[PDB]
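Student: So you can see what is in the structure, the chains are spelled out below.
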Amino acid sequence: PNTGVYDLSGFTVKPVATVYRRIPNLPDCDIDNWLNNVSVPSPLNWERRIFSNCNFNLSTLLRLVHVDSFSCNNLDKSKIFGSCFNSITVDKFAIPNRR
Amino acid sequence: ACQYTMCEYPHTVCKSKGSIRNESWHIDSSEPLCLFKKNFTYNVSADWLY
Ligand SMILES: *[C@@H]1O[C@H](CO)[C@@H](O[C@@H]2O[C@H](CO)[C@@H](O)[C@H](O)[C@H]2NC(C)=O)[C@H](O)[C@H]1NC(C)=O
Ligand SMILES: *[C@@H]1O[C@H](CO)[C@@H](O[C@@H]2O[C@H](CO)[C@@H](O)[C@H](O)[C@H]2NC(C)=O)[C@H](O)[C@H]1NC(C)=O
Ligand SMILES: *[C@@H]1O[C@H](CO)[C@@H](O)[C@H](O)[C@H]1NC(C)=O
Ligand SMILES: *[C@@H]1O[C@H](CO)[C@@H](O)[C@H](O)[C@H]1NC(C)=O
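Chains as they are written, first to last, in the entry's author numbering: chain B, 299 to 397; chain C, 150 to 199.
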């Protein structure tokens, strides 16, 4: 090439990571404020509540109630963390030991 | 903002002096799909509301 002054695009910056902020429309279901209830029903008259139209996750749940196991069925345990269901229906009762 | 089963002749009723009728603009004891739900607070001693 000839003698001259040339303007060259040198790559200098690149975005490292992202910041995400969004205000929620619906409220928190607070499942764990129900699963830590005092009056636990017995296996004859178990209760059920239908948590619908709210927001939830799993990590604050399963560390705020003292879990000993969490299996699943017809599901994969990481398919909870993404999706948006239509309702959740938690039914709890106590356990008699030998059965 | 929901999917409300709205009645035919919808109306409300004040809750300081109860009227003859009752608040009947939906019979929707089925918790329908709600795209939005929220609560806000305003002044009880205000003159106008825009
Ligand atoms: C645990 O569940 C019971 C429901 O069995 C909740 O009991 C309610 O308590 C309030 C207290 O003001 C009563 O007015 C309601 O009538 C009760 N509900 C029923 C169905 O009886 C209790 O509040 C729950 N615990 C927590 C911490 O929410
Ligand atoms: C918005 O405020 C209204 C009125 O304060 C709430 O309606 C009450 O909800 C409780 C719990 O479901 C009932 O026990 C009361 O009888 C309701 N009052 C009336 C006048 O309906 C409503 O739950 C609030 N909404 C949110 C999303 O917090
Ligand atoms: C309003 O509702 C109450 C309770 O369901 C009922 O007893 C009353 O008769 C109703 N009022 C009218 C005008 O129907
Ligand atoms: C609005 O509320 C404030 C206190 O929260 C009060 O000082 C004021 O008088 C209220 N507005 C009117 C028009 O009364």
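FYI, nobody ran anything at the bench for these hints, they're computed from the structure.
Any given hint could turn out to be false.
Derived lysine to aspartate or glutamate pairs resembling EDC-like cross-links, with alpha carbons at most 16 angstroms apart [stated by the list, open to error]:
#1 B:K390 / B:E345
#2 B:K390 / B:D330
#3 C:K186 / B:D389
#4 B:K390 / B:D366
#5 C:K187 / B:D326
Student: Look at each hint and say if it fits the structure.
Tutor: Results for each hint:
| no. | hint | verdict |
| --- | --- | --- |
| 1 | B:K390 / B:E345 | holds (6 angstroms) |
| 2 | B:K390 / B:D330 | holds (12 angstroms) |
| 3 | C:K186 / B:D389 | violated (25 angstroms) |
| 4 | B:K390 / B:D366 | holds (15 angstroms) |
| 5 | C:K187 / B:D326 | holds (12 angstroms) |
Comparing the model with each earlier hint shows a violation of hint 3 alone; every other hint is respected.
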